[PDB]
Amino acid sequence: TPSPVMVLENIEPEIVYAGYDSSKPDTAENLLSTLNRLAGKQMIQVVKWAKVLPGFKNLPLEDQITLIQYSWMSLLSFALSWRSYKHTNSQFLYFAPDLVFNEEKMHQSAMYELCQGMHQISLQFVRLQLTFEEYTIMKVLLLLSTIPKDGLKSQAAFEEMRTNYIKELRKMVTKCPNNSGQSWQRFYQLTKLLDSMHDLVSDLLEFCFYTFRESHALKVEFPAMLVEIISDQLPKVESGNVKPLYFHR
(Lines of atoms letter the chains of each structure in order from A and count residues from 1; the text may use other names and numbers.)
(Lines give C-alpha, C1' and ligand atoms only; values in the text may rest on other atoms or scores of the structure.)
(Ligands and ions follow the chains in the order given, each with its own letter.)
Protein backbone atom coordinates (compact mmCIF):
# COMPACT_ATOMS: atom_id res chain seq x y z
CA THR A 1 0.00 0.00 0.00
CA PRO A 2 1.60 3.28 -1.12
CA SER A 3 2.13 6.02 1.44
CA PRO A 4 0.67 9.50 0.80
CA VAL A 5 4.18 10.69 -0.12
CA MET A 6 4.57 7.91 -2.72
CA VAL A 7 1.20 8.87 -4.20
CA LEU A 8 2.28 12.55 -4.31
CA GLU A 9 5.29 11.57 -6.39
CA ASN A 10 3.13 9.52 -8.74
CA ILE A 11 0.57 12.26 -9.30
CA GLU A 12 2.96 15.22 -9.60
CA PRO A 13 2.18 16.95 -12.92
CA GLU A 14 4.74 16.55 -15.69
CA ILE A 15 6.64 19.63 -16.89
CA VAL A 16 4.95 21.28 -19.88
CA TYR A 17 6.11 23.64 -22.61
CA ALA A 18 4.92 27.25 -22.72
CA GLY A 19 4.63 27.45 -26.49
CA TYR A 20 7.12 30.33 -26.52
CA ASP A 21 7.29 31.74 -30.04
CA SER A 22 10.78 32.96 -31.00
CA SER A 23 9.33 34.66 -34.13
CA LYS A 24 7.57 37.27 -31.99
CA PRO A 25 9.32 40.13 -30.12
CA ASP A 26 9.80 39.96 -26.35
CA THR A 27 7.39 42.76 -25.61
CA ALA A 28 5.74 42.72 -22.20
CA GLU A 29 2.41 41.97 -23.87
CA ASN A 30 3.78 38.91 -25.67
CA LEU A 31 5.66 37.63 -22.62
CA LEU A 32 2.71 38.09 -20.26
CA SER A 33 0.29 36.48 -22.70
CA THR A 34 2.67 33.50 -22.97
CA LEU A 35 2.91 33.21 -19.18
CA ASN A 36 -0.86 33.37 -18.90
CA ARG A 37 -1.28 30.52 -21.43
CA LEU A 38 1.32 28.48 -19.56
CA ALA A 39 -0.55 29.07 -16.31
CA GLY A 40 -3.78 27.97 -18.00
CA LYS A 41 -2.18 24.72 -19.16
CA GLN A 42 -0.74 24.12 -15.70
CA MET A 43 -4.06 24.86 -13.97
CA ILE A 44 -5.79 22.17 -16.04
CA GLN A 45 -3.06 19.86 -14.68
CA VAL A 46 -3.70 21.12 -11.14
CA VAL A 47 -7.37 20.19 -11.41
CA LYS A 48 -6.46 16.65 -12.54
CA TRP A 49 -3.88 16.39 -9.72
CA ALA A 50 -6.39 17.56 -7.14
CA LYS A 51 -8.83 14.78 -8.23
CA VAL A 52 -6.31 12.13 -7.08
CA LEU A 53 -4.68 13.99 -4.20
CA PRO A 54 -4.93 11.82 -1.03
CA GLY A 55 -7.69 13.13 1.24
CA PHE A 56 -8.96 15.88 -1.07
CA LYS A 57 -12.01 13.99 -2.35
CA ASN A 58 -13.27 13.83 1.23
CA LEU A 59 -13.92 17.57 1.24
CA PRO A 60 -17.18 18.80 -0.29
CA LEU A 61 -16.77 19.43 -4.03
CA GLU A 62 -17.58 23.13 -3.57
CA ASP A 63 -14.71 23.36 -1.05
CA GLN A 64 -12.31 21.58 -3.39
CA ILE A 65 -13.11 24.15 -6.08
CA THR A 66 -12.86 27.05 -3.61
CA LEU A 67 -9.46 25.90 -2.34
CA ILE A 68 -8.01 25.57 -5.85
CA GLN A 69 -9.30 29.06 -6.68
CA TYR A 70 -7.92 30.52 -3.44
CA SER A 71 -4.45 28.96 -3.92
CA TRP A 72 -3.84 28.67 -7.67
CA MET A 73 -1.13 31.34 -7.91
CA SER A 74 0.63 29.91 -4.86
CA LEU A 75 0.62 26.38 -6.33
CA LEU A 76 1.95 27.55 -9.67
CA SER A 77 4.57 29.80 -8.08
CA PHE A 78 5.82 27.09 -5.74
CA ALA A 79 6.17 24.69 -8.70
CA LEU A 80 8.04 27.44 -10.61
CA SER A 81 10.47 27.76 -7.72
CA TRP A 82 10.99 23.99 -7.66
CA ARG A 83 11.69 23.79 -11.39
CA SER A 84 14.08 26.75 -11.13
CA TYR A 85 15.93 25.06 -8.23
CA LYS A 86 16.02 21.58 -9.75
CA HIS A 87 16.85 22.51 -13.34
CA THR A 88 19.05 25.60 -12.92
CA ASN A 89 20.13 25.57 -9.25
CA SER A 90 18.05 28.74 -9.00
CA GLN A 91 20.25 30.68 -11.43
CA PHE A 92 17.21 31.39 -13.64
CA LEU A 93 13.41 31.30 -13.48
CA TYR A 94 12.57 28.06 -15.26
CA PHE A 95 8.99 28.67 -16.40
CA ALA A 96 9.22 25.86 -18.94
CA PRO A 97 11.97 24.20 -21.02
CA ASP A 98 11.22 26.74 -23.77
CA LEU A 99 10.82 29.72 -21.43
CA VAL A 100 13.69 30.46 -19.07
CA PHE A 101 14.10 33.99 -17.66
CA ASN A 102 17.32 35.77 -16.94
CA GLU A 103 17.41 39.38 -15.76
CA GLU A 104 16.79 40.70 -19.29
CA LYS A 105 13.55 38.74 -19.57
CA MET A 106 12.51 39.84 -16.08
CA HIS A 107 12.77 43.45 -17.24
CA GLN A 108 11.13 42.76 -20.61
CA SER A 109 8.10 41.20 -18.86
CA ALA A 110 7.32 44.49 -17.04
CA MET A 111 7.34 42.40 -13.83
CA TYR A 112 10.96 42.67 -12.75
CA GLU A 113 10.37 43.15 -9.02
CA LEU A 114 7.73 40.40 -8.87
CA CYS A 115 10.11 38.03 -10.64
CA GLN A 116 12.82 39.03 -8.18
CA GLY A 117 10.56 38.07 -5.28
CA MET A 118 9.97 34.69 -6.92
CA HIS A 119 13.70 34.24 -7.45
CA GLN A 120 14.25 34.88 -3.71
CA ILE A 121 12.00 31.89 -2.90
CA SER A 122 14.00 29.72 -5.29
CA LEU A 123 17.22 30.85 -3.59
CA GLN A 124 15.74 29.75 -0.25
CA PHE A 125 15.31 26.28 -1.80
CA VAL A 126 19.09 26.27 -2.42
CA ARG A 127 19.86 27.51 1.10
CA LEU A 128 17.69 24.77 2.60
CA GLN A 129 18.51 22.05 0.06
CA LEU A 130 14.79 21.45 -0.10
CA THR A 131 13.94 17.82 -0.93
CA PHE A 132 11.35 16.63 -3.43
CA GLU A 133 9.30 15.01 -0.63
CA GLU A 134 9.31 18.25 1.38
CA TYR A 135 8.25 20.08 -1.78
CA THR A 136 5.33 17.77 -2.57
CA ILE A 137 3.94 17.92 0.99
CA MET A 138 4.45 21.69 1.17
CA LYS A 139 2.57 22.15 -2.09
CA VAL A 140 -0.46 20.43 -0.55
CA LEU A 141 -0.14 22.74 2.44
CA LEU A 142 -0.30 25.70 -0.01
CA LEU A 143 -3.54 24.28 -1.50
CA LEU A 144 -4.84 24.42 2.10
CA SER A 145 -3.28 27.84 3.01
CA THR A 146 -5.98 30.35 2.07
CA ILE A 147 -9.65 30.08 2.93
CA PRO A 148 -12.84 32.13 2.64
CA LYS A 149 -13.42 34.36 5.63
CA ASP A 150 -17.11 33.42 5.64
CA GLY A 151 -16.57 29.67 5.84
CA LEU A 152 -15.97 26.48 3.93
CA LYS A 153 -18.86 24.07 3.64
CA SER A 154 -17.02 21.66 5.93
CA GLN A 155 -14.67 23.18 8.49
CA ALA A 156 -14.19 19.72 9.99
CA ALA A 157 -13.11 18.02 6.76
CA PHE A 158 -10.73 20.86 5.91
CA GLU A 159 -9.10 20.93 9.35
CA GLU A 160 -8.65 17.16 9.27
CA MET A 161 -6.88 17.23 5.91
CA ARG A 162 -4.72 20.22 6.80
CA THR A 163 -3.76 18.66 10.15
CA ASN A 164 -2.89 15.41 8.37
CA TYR A 165 -0.55 17.14 5.92
CA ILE A 166 1.08 19.22 8.66
CA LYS A 167 1.72 15.94 10.49
CA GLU A 168 3.13 14.40 7.26
CA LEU A 169 5.63 17.24 6.98
CA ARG A 170 6.53 17.12 10.66
CA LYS A 171 7.03 13.39 10.63
CA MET A 172 9.10 13.46 7.44
CA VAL A 173 11.39 16.22 8.66
CA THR A 174 11.82 15.07 12.27
CA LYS A 175 12.40 11.40 11.40
CA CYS A 176 14.93 12.05 8.63
CA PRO A 177 18.44 11.10 9.73
CA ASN A 178 19.88 13.92 7.61
CA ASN A 179 18.22 16.41 9.95
CA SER A 180 19.26 14.90 13.27
CA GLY A 181 19.85 17.46 16.01
CA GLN A 182 18.21 20.25 13.96
CA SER A 183 14.93 18.84 12.68
CA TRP A 184 12.48 21.10 14.53
CA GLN A 185 14.56 24.12 13.47
CA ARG A 186 14.26 22.90 9.88
CA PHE A 187 10.53 22.36 10.28
CA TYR A 188 10.11 25.90 11.44
CA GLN A 189 12.16 27.24 8.53
CA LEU A 190 9.90 25.33 6.12
CA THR A 191 6.74 26.69 7.72
CA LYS A 192 8.20 30.22 7.71
CA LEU A 193 8.91 29.72 4.00
CA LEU A 194 5.25 28.71 3.48
CA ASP A 195 4.16 31.87 5.30
CA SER A 196 6.37 33.97 3.05
CA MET A 197 4.49 32.68 0.00
CA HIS A 198 1.45 34.72 1.05
CA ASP A 199 3.42 37.99 0.73
CA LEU A 200 4.66 37.17 -2.75
CA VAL A 201 1.44 35.64 -3.99
CA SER A 202 -0.65 38.61 -2.87
CA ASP A 203 1.63 40.87 -4.91
CA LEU A 204 1.50 38.56 -7.96
CA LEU A 205 -2.28 38.37 -7.78
CA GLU A 206 -2.67 42.13 -7.53
CA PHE A 207 -0.76 42.65 -10.75
CA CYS A 208 -2.55 39.77 -12.48
CA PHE A 209 -5.95 41.16 -11.44
CA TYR A 210 -4.95 44.54 -12.87
CA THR A 211 -3.93 43.23 -16.27
CA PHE A 212 -6.99 40.97 -16.31
CA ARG A 213 -9.38 43.88 -15.76
CA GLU A 214 -7.47 45.97 -18.32
CA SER A 215 -6.81 43.02 -20.65
CA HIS A 216 -8.25 44.48 -23.83
CA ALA A 217 -6.73 47.94 -23.28
CA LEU A 218 -3.30 46.53 -22.41
CA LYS A 219 -3.40 43.78 -25.05
CA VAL A 220 -2.57 41.11 -22.47
CA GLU A 221 -4.28 37.84 -23.36
CA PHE A 222 -5.67 35.29 -20.90
CA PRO A 223 -6.79 31.71 -21.64
CA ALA A 224 -10.26 30.50 -20.70
CA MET A 225 -8.95 28.54 -17.69
CA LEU A 226 -7.72 31.78 -16.11
CA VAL A 227 -10.85 33.69 -17.13
CA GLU A 228 -12.84 31.07 -15.18
CA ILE A 229 -10.67 31.23 -12.09
CA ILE A 230 -10.23 34.99 -11.99
CA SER A 231 -13.89 35.79 -12.80
CA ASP A 232 -14.96 33.61 -9.84
CA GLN A 233 -12.24 34.75 -7.47
CA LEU A 234 -11.96 38.49 -8.06
CA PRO A 235 -15.41 39.42 -6.62
CA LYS A 236 -14.52 37.40 -3.49
CA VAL A 237 -11.23 39.24 -3.19
CA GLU A 238 -12.86 42.66 -3.68
CA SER A 239 -15.49 41.78 -1.05
CA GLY A 240 -12.76 41.04 1.50
CA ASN A 241 -13.57 37.32 1.70
CA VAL A 242 -10.00 35.97 1.91
CA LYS A 243 -8.18 34.64 5.00
CA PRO A 244 -4.52 33.67 4.55
CA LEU A 245 -3.53 31.09 7.14
CA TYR A 246 -0.12 31.51 8.76
CA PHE A 247 1.99 29.19 10.86
CA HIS A 248 3.82 32.04 12.63
CA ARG A 249 1.51 35.12 12.30
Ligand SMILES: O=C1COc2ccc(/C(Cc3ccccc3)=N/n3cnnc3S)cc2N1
Given for the second form:
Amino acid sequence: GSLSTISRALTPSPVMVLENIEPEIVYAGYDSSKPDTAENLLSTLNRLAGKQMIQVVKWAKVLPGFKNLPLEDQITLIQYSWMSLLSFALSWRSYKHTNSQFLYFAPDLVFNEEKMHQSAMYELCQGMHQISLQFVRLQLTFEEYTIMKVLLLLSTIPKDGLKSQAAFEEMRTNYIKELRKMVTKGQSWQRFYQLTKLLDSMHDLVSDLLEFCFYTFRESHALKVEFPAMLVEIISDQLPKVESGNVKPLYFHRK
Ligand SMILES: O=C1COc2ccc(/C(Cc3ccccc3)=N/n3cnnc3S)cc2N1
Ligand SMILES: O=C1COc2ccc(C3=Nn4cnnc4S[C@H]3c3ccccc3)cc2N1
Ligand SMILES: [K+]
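If the structure you just shared is the form solved without the ligand, then what does the corresponding form deposited with the ligand bound look like?
Whole complex next, starting from this chain.
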Protein backbone atom coordinates (compact mmCIF):
# COMPACT_ATOMS: atom_id res chain seq x y z
CA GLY A 1 0.00 0.00 0.00
CA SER A 2 0.82 3.70 -0.07
CA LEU A 3 2.91 5.19 2.75
CA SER A 4 2.55 8.71 1.37
CA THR A 5 1.89 10.32 4.79
CA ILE A 6 5.32 9.19 6.03
CA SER A 7 7.00 9.83 2.68
CA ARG A 8 5.64 13.38 2.48
CA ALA A 9 6.62 14.03 6.12
CA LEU A 10 10.18 12.91 5.33
CA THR A 11 10.38 15.77 2.78
CA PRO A 12 12.81 13.97 0.48
CA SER A 13 15.20 16.09 -1.58
CA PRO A 14 15.19 15.73 -5.37
CA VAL A 15 18.30 13.50 -5.11
CA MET A 16 16.54 11.26 -2.57
CA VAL A 17 13.61 11.09 -4.95
CA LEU A 18 15.92 10.13 -7.83
CA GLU A 19 17.29 7.25 -5.79
CA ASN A 20 13.77 6.20 -4.85
CA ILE A 21 12.44 6.11 -8.42
CA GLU A 22 15.37 4.25 -9.93
CA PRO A 23 14.02 1.39 -12.02
CA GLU A 24 14.50 -2.10 -10.69
CA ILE A 25 16.48 -4.82 -12.38
CA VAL A 26 15.44 -5.77 -15.91
CA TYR A 27 16.36 -9.23 -17.20
CA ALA A 28 17.19 -9.77 -20.86
CA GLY A 29 15.51 -13.17 -21.03
CA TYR A 30 18.75 -14.47 -22.55
CA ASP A 31 18.57 -18.11 -23.64
CA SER A 32 22.06 -19.62 -23.34
CA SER A 33 20.88 -22.76 -25.18
CA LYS A 34 20.53 -20.81 -28.44
CA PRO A 35 23.49 -19.96 -30.71
CA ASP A 36 25.25 -16.69 -29.98
CA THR A 37 24.73 -15.38 -33.49
CA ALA A 38 24.40 -11.67 -34.16
CA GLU A 39 20.71 -12.16 -34.97
CA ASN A 40 20.03 -13.80 -31.61
CA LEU A 41 22.19 -11.44 -29.54
CA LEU A 42 20.85 -8.27 -31.16
CA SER A 43 17.27 -9.52 -30.93
CA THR A 44 17.92 -10.15 -27.22
CA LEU A 45 19.44 -6.69 -26.78
CA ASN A 46 16.40 -5.18 -28.49
CA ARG A 47 14.01 -7.13 -26.29
CA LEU A 48 15.97 -5.90 -23.28
CA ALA A 49 15.94 -2.32 -24.58
CA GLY A 50 12.16 -2.49 -25.08
CA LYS A 51 11.69 -3.75 -21.52
CA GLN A 52 13.98 -1.06 -20.17
CA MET A 53 12.13 1.64 -22.09
CA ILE A 54 8.88 0.60 -20.40
CA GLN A 55 10.65 1.31 -17.11
CA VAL A 56 12.07 4.58 -18.44
CA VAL A 57 8.57 5.88 -19.09
CA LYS A 58 7.47 4.85 -15.58
CA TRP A 59 10.55 6.59 -14.15
CA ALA A 60 10.13 9.76 -16.18
CA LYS A 61 6.54 10.16 -14.97
CA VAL A 62 7.67 10.41 -11.35
CA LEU A 63 10.74 12.50 -12.12
CA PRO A 64 10.44 15.84 -10.29
CA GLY A 65 9.62 18.51 -12.84
CA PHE A 66 8.71 16.21 -15.72
CA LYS A 67 4.98 16.66 -15.12
CA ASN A 68 5.46 20.38 -15.96
CA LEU A 69 6.18 19.47 -19.58
CA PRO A 70 3.44 18.93 -22.14
CA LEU A 71 2.68 15.40 -23.32
CA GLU A 72 4.22 16.01 -26.75
CA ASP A 73 7.47 17.13 -25.14
CA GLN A 74 7.46 14.26 -22.65
CA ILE A 75 7.21 11.86 -25.58
CA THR A 76 9.84 13.70 -27.59
CA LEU A 77 12.32 13.73 -24.73
CA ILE A 78 11.93 10.03 -23.97
CA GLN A 79 12.18 9.20 -27.65
CA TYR A 80 15.15 11.47 -28.36
CA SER A 81 17.16 10.24 -25.39
CA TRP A 82 16.32 6.53 -25.43
CA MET A 83 19.71 5.33 -26.63
CA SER A 84 21.53 7.77 -24.36
CA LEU A 85 19.61 6.72 -21.26
CA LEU A 86 20.00 3.02 -21.92
CA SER A 87 23.70 3.36 -22.81
CA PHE A 88 24.45 5.43 -19.72
CA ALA A 89 22.65 2.89 -17.51
CA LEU A 90 24.57 0.11 -19.24
CA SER A 91 27.87 1.76 -18.30
CA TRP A 92 26.59 2.31 -14.77
CA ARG A 93 25.70 -1.35 -14.32
CA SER A 94 29.02 -2.34 -15.89
CA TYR A 95 30.86 -0.10 -13.43
CA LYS A 96 28.81 -1.07 -10.37
CA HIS A 97 28.67 -4.81 -10.94
CA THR A 98 31.92 -5.58 -12.74
CA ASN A 99 34.17 -2.57 -12.06
CA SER A 100 33.88 -1.94 -15.80
CA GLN A 101 35.45 -5.26 -16.75
CA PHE A 102 32.45 -6.31 -18.83
CA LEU A 103 29.30 -4.86 -20.35
CA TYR A 104 26.56 -5.71 -17.88
CA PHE A 105 23.42 -5.55 -19.96
CA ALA A 106 21.45 -7.50 -17.40
CA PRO A 107 22.16 -10.08 -14.71
CA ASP A 108 21.52 -12.78 -17.32
CA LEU A 109 23.45 -11.02 -20.10
CA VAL A 110 26.98 -9.91 -19.44
CA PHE A 111 29.24 -9.32 -22.44
CA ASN A 112 32.88 -10.21 -22.51
CA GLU A 113 35.01 -9.63 -25.62
CA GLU A 114 33.69 -12.81 -27.27
CA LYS A 115 30.07 -11.65 -26.90
CA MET A 116 31.02 -8.19 -28.17
CA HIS A 117 32.37 -9.81 -31.34
CA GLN A 118 29.44 -12.24 -31.63
CA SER A 119 26.91 -9.41 -31.37
CA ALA A 120 28.31 -7.77 -34.54
CA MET A 121 28.88 -4.68 -32.39
CA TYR A 122 32.46 -5.16 -31.26
CA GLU A 123 33.73 -1.67 -32.07
CA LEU A 124 30.62 0.07 -30.77
CA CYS A 125 30.83 -2.03 -27.61
CA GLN A 126 34.41 -0.85 -27.19
CA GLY A 127 33.12 2.73 -27.46
CA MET A 128 30.56 1.95 -24.77
CA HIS A 129 33.26 0.38 -22.64
CA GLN A 130 35.24 3.61 -22.80
CA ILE A 131 32.40 5.32 -20.92
CA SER A 132 32.44 2.54 -18.32
CA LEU A 133 36.18 3.09 -17.91
CA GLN A 134 35.57 6.83 -17.41
CA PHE A 135 33.24 5.92 -14.54
CA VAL A 136 36.18 4.11 -12.90
CA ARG A 137 38.58 6.99 -13.61
CA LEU A 138 36.15 9.49 -12.07
CA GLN A 139 34.88 7.17 -9.35
CA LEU A 140 31.41 8.28 -10.39
CA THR A 141 28.95 8.21 -7.50
CA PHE A 142 25.40 6.95 -7.65
CA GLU A 143 24.13 10.44 -6.78
CA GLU A 144 26.07 11.92 -9.69
CA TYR A 145 24.83 9.14 -11.96
CA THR A 146 21.18 9.76 -11.12
CA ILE A 147 21.39 13.48 -11.81
CA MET A 148 23.38 12.92 -14.98
CA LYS A 149 20.78 10.44 -16.20
CA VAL A 150 18.11 13.15 -15.87
CA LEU A 151 20.36 15.52 -17.79
CA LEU A 152 20.57 12.90 -20.56
CA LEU A 153 16.77 12.72 -20.71
CA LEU A 154 17.02 16.49 -21.23
CA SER A 155 19.98 16.41 -23.65
CA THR A 156 18.43 16.07 -27.10
CA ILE A 157 15.64 18.20 -28.53
CA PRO A 158 14.13 19.15 -31.88
CA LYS A 159 16.20 21.69 -33.83
CA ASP A 160 13.19 24.01 -33.92
CA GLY A 161 12.55 23.53 -30.21
CA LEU A 162 10.04 21.86 -27.94
CA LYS A 163 6.38 22.76 -27.56
CA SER A 164 7.16 24.39 -24.23
CA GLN A 165 10.78 25.39 -24.49
CA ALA A 166 10.81 27.60 -21.39
CA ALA A 167 9.38 24.85 -19.18
CA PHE A 168 12.01 22.48 -20.53
CA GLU A 169 14.83 24.95 -19.90
CA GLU A 170 13.62 25.48 -16.35
CA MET A 171 13.70 21.75 -15.66
CA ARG A 172 17.08 21.26 -17.33
CA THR A 173 18.57 24.20 -15.44
CA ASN A 174 17.16 22.86 -12.19
CA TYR A 175 18.99 19.57 -12.73
CA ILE A 176 22.18 21.38 -13.73
CA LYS A 177 21.87 23.21 -10.42
CA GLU A 178 21.37 19.85 -8.67
CA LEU A 179 24.56 18.58 -10.26
CA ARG A 180 26.50 21.66 -9.17
CA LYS A 181 25.15 21.37 -5.62
CA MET A 182 26.01 17.66 -5.52
CA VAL A 183 29.59 18.08 -6.70
CA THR A 184 30.18 20.82 -4.10
CA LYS A 185 28.66 18.84 -1.21
CA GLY A 186 38.81 22.49 -3.84
CA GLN A 187 37.86 20.89 -7.17
CA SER A 188 34.09 21.58 -7.49
CA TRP A 189 34.35 23.21 -10.90
CA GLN A 190 36.78 20.52 -12.04
CA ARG A 191 34.29 17.82 -11.05
CA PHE A 192 31.36 19.61 -12.63
CA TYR A 193 33.43 20.11 -15.77
CA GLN A 194 34.52 16.47 -15.98
CA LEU A 195 30.99 15.21 -15.48
CA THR A 196 29.48 17.60 -18.00
CA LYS A 197 32.27 16.86 -20.49
CA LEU A 198 31.33 13.21 -20.06
CA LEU A 199 27.69 14.08 -20.77
CA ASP A 200 28.80 15.86 -23.93
CA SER A 201 30.80 12.78 -24.94
CA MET A 202 27.65 10.67 -24.69
CA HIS A 203 26.38 12.49 -27.78
CA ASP A 204 29.46 11.33 -29.68
CA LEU A 205 28.85 7.68 -28.88
CA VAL A 206 25.07 7.76 -29.04
CA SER A 207 24.91 9.31 -32.50
CA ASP A 208 27.06 6.41 -33.73
CA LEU A 209 24.92 3.88 -31.91
CA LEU A 210 21.78 5.38 -33.43
CA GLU A 211 23.20 5.35 -36.96
CA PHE A 212 24.09 1.71 -36.45
CA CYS A 213 20.68 0.96 -34.97
CA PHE A 214 18.98 2.66 -37.91
CA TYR A 215 21.04 0.61 -40.36
CA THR A 216 20.21 -2.61 -38.53
CA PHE A 217 16.56 -1.55 -38.43
CA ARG A 218 16.48 -0.92 -42.17
CA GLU A 219 18.19 -4.25 -42.78
CA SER A 220 16.32 -6.10 -40.05
CA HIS A 221 14.64 -8.62 -42.35
CA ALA A 222 17.93 -9.60 -44.02
CA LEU A 223 19.85 -9.56 -40.75
CA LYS A 224 17.02 -11.38 -38.93
CA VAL A 225 17.13 -8.84 -36.11
CA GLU A 226 13.89 -8.44 -34.18
CA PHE A 227 12.71 -5.16 -32.68
CA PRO A 228 9.88 -4.93 -30.16
CA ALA A 229 6.94 -2.60 -30.87
CA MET A 230 8.22 0.12 -28.52
CA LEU A 231 11.49 0.33 -30.45
CA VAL A 232 9.79 0.08 -33.83
CA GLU A 233 7.70 3.13 -32.93
CA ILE A 234 10.63 5.08 -31.51
CA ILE A 235 13.01 4.30 -34.35
CA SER A 236 10.59 4.64 -37.25
CA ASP A 237 9.60 8.11 -36.06
CA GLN A 238 13.01 9.44 -35.06
CA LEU A 239 14.87 8.09 -38.07
CA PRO A 240 13.80 10.77 -40.58
CA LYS A 241 14.09 13.45 -37.90
CA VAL A 242 17.71 12.55 -37.21
CA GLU A 243 18.55 12.09 -40.87
CA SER A 244 17.03 15.42 -41.93
CA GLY A 245 19.19 17.26 -39.38
CA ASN A 246 16.25 18.09 -37.11
CA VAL A 247 17.57 16.54 -33.91
CA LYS A 248 19.70 18.89 -31.81
CA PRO A 249 22.13 17.62 -29.17
CA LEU A 250 22.64 20.02 -26.27
CA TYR A 251 26.20 20.45 -25.04
CA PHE A 252 27.78 22.04 -22.00
CA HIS A 253 31.20 22.70 -23.54
CA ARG A 254 30.46 22.88 -27.26
CA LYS A 255 28.35 25.24 -29.35
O1 LIG B 1 30.58 -2.19 -34.06
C2 LIG B 1 30.56 -2.26 -35.28
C3 LIG B 1 31.40 -1.36 -36.16
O4 LIG B 1 30.77 -0.99 -37.39
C5 LIG B 1 30.06 -2.01 -38.00
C6 LIG B 1 29.82 -1.90 -39.35
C7 LIG B 1 29.10 -2.88 -40.00
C8 LIG B 1 28.64 -3.97 -39.29
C9 LIG B 1 27.91 -5.04 -39.99
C10 LIG B 1 27.51 -6.24 -39.19
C11 LIG B 1 26.12 -6.31 -38.69
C12 LIG B 1 25.55 -7.55 -38.54
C13 LIG B 1 24.26 -7.68 -38.06
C14 LIG B 1 23.56 -6.55 -37.74
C15 LIG B 1 24.12 -5.30 -37.90
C16 LIG B 1 25.41 -5.17 -38.37
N17 LIG B 1 27.73 -4.95 -41.26
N18 LIG B 1 27.10 -5.97 -41.90
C19 LIG B 1 26.16 -5.79 -42.87
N20 LIG B 1 25.76 -6.95 -43.32
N21 LIG B 1 26.43 -7.93 -42.64
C22 LIG B 1 27.23 -7.33 -41.80
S23 LIG B 1 28.30 -8.15 -40.69
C24 LIG B 1 28.90 -4.09 -37.94
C25 LIG B 1 29.60 -3.09 -37.31
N26 LIG B 1 29.84 -3.19 -35.95
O1 LIG C 1 19.63 -3.94 -33.48
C2 LIG C 1 20.31 -3.17 -32.82
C3 LIG C 1 21.60 -2.57 -33.34
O4 LIG C 1 21.76 -1.22 -32.89
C5 LIG C 1 21.71 -1.13 -31.52
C6 LIG C 1 22.53 -0.25 -30.87
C7 LIG C 1 22.46 -0.18 -29.50
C8 LIG C 1 21.58 -0.98 -28.80
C9 LIG C 1 21.53 -0.96 -27.32
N10 LIG C 1 20.72 -1.80 -26.76
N11 LIG C 1 20.68 -1.89 -25.42
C12 LIG C 1 20.10 -2.90 -24.71
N13 LIG C 1 20.24 -2.68 -23.42
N14 LIG C 1 20.92 -1.50 -23.27
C15 LIG C 1 21.17 -1.05 -24.47
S16 LIG C 1 21.99 0.41 -24.90
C17 LIG C 1 22.51 -0.04 -26.59
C18 LIG C 1 23.92 -0.57 -26.69
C19 LIG C 1 24.96 0.27 -26.36
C20 LIG C 1 26.26 -0.17 -26.47
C21 LIG C 1 26.53 -1.45 -26.89
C22 LIG C 1 25.50 -2.30 -27.22
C23 LIG C 1 24.20 -1.85 -27.12
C24 LIG C 1 20.76 -1.87 -29.45
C25 LIG C 1 20.82 -1.93 -30.83
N26 LIG C 1 20.00 -2.81 -31.54
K1 LIG D 1 26.07 24.81 -25.68
